[PDB]
Structures are given as structure tokens and as C-alpha cells.
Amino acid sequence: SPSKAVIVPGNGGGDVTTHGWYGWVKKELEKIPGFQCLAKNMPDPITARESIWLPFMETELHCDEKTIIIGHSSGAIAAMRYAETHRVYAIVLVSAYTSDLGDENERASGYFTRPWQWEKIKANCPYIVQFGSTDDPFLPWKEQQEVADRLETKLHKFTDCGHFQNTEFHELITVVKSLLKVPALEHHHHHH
């Protein structure tokens, strides 16, 4: 049973409470009786180092087996790596990808220095939902598709949402509410 949602933003100095759609979503989720939504500015906001973000997610955002982690861009990457070694109720990935995109700041994060442990993630997180747009100026659809295929995510594919940098996100609320009802699990494939 999920007790809270935690928002892990993409990299950048923007204050999480007033940048992008994080704040609006947090307020909408807080309208749900008995629910909570945590969103805090991340340590090392620019480079989003894995060695910094994951420990923060564990002790400061208290990401556990009763948490729905909503990760955006770098935050989606962080949630995926987090799920390789931690059990989580669900992860909602917004604008996920798989490589450093040949970008030095992405490489500096340390998230892409080795292959993705897809099966471990799939085993540690029963519900993986994904939002992605084919017109994302930052990411090649191929990589968003790779995440969808390897994690067998429930994909919400759009064509005009870019990198999801608007201020409201109703569809995300609908997803979180569906997760709170604990939907029936779909037939997936787990391997060694």
C-alpha cells in the first residue's frame, strides 16, 4: 500500500516547488485524503551525481516499499538506478532514457557508466509507468523506447509534450490515483 509519492526532478538549479510541473502536481496529490507528496531541492542539482542523489532519496526523501517515485529526466534515471537495489511500490518515469547522450554533464553524473540492470529493476518495482513524447528535443525516442521495452512499462506516449516542461500535468495525477487503487498486475517476463 503506497503511503506517499516522492518527486525527483531533472537536473538544474530551478527550485522544485516553483519550477516546471512539480509544484502543481505536489498540490494536487496533497488534495488526496491521507496521502503525502515530498518534493525537495536536490543536493548537487546541476550534475545530479548518482553518489549524491540516491543516498538523499533514501534518507531525506525516505524512498521505500510504500513509495511511488515520480522521476523526471535525471530524476527518472535516478529512480531507475535506485530500483536496482531498493524495493519500491511504483516508479513513474517522465522522459526516461538510457545513455549519457554524448553529453559531458550527463556523463559526469555517473548514471551511465555501466549497463542497466533491467531485470533487477523489474523485480524490485511491481508497477513501472512511463511518460514520453516523440518531440522531446533532449532525447532520442529510441532510448525512451528502450526503457519501455526493457522494463515493460505502461507507456503513455505523446507527440507534443516535449521534455515535459509545462506547469500542469493532469494525466500524471490520474496515473498516481490509479496506482493508489492497486490495479491488477499485468503479465510480464522476468529473467535471470
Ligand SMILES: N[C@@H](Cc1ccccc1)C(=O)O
The other form holds:
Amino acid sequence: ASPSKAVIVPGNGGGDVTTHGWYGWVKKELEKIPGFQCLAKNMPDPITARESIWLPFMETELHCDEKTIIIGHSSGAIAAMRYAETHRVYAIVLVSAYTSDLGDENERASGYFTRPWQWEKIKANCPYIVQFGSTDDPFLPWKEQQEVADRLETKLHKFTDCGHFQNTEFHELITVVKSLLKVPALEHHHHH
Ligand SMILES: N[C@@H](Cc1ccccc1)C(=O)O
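Since the one above is the form solved without this ligand, can you give the form solved in complex with this ligand too?
Expanding to the full complex; the earlier chain stays at the top.
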């Protein structure tokens, strides 16, 4: 499959997707690409981001399919990874990904963390996995970001000063997406 759109799945919280963080700027930049689309919608259950709510929304309302690049931020990165356990997607770009509820009640209530990660299913369903992470992220232990990188064999873009990626512009992400639009050579991953 060749990629036809990106979908931004944001972090949890009530910020309007179009005007909060980098989502709107990235959408606008991607929409400059001739023939390309970028969907970004306010999510149902935006505060707790329940798996049982976000994943059906991603399927039916964001139309996430084998021609989609899913760009997931924080809770949205988590949702992207669970989505890829059961759906083929073109690529996933994970910004501030992690693996556990980090002892947070709102994270636990999401349902994303109540069983192990099906890393092999994700790798099988998604041929291109790119990851952004920052060592100074105030929410995430580096070890959990590293766990995602190791288990999904991601192409890791490791920064020291981006925190939880909450700035308004994100050029490095545009570059990544444009690189994926060329349908780059498949890299060797380990499938079990
Ligand atoms: N998941 C939150 C960030 C967060 C991570 C871990 C614990 C608490 C909060 C977000 O989407 O922004």
C-alpha cells in the first residue's frame, strides 16, 4: 500500500486539537504537500482517552487503514500501538511513547496498560515505526521510551531538550513524514 494521509492522535486532555501544542501547525504543514491529507479531530473521552473509545474512533472516524501514517502523541502514541496490534497501517510515528500506567490513576483508567504489549503483532502490522523521545521528558522515565524503541525496533530520534513535545512547531516530524512518503527501503526486523 502507498500512503494517502496522516492522522494525528493527540495526547489526553481537553486542549482543542487544532490550536494546542504542535498538532495544528503540523496539520497545516502536511496539507501543503500536493495530494496529501492530514486528519486531526478532537477525541471523544479526551481526558481519560479510554482504549474502548479511542480505538473505534480511530477506525471509523479517522479512517486509520493500511494507507495511513498515524502520528500518535503520548496517550495517542499508546493508542496507535494498541491499534496496530489488530489493524494494518502504513506507518506509525510515536512521539513520547511509554509502556505502563506509571502509577497514575488516569492512565490506569484508560485501559491501555492492563495486559502485556503484543510487540510482534505490531511489528507485523506496521512496516515503518519511527519514534521521537526526549531524555528530559517530565512525565516519562527514559527506560520506558527505550523499551518501546527496543521492542518495536523503531527508528529512534532521541533528543535531550524537547520535554514531552509540547511546543507549537515540529519541523523534524514533517521531515520524517516526507521521508515516509517516498516509501523507503524496508529494514530488517525480528519477527517471532
Ligand atoms: N498520557 C498523557 C501524559 C502522561 C503520561 C504518563 C503519566 C501521566 C501523564 C498525555 O497524553 O499527555
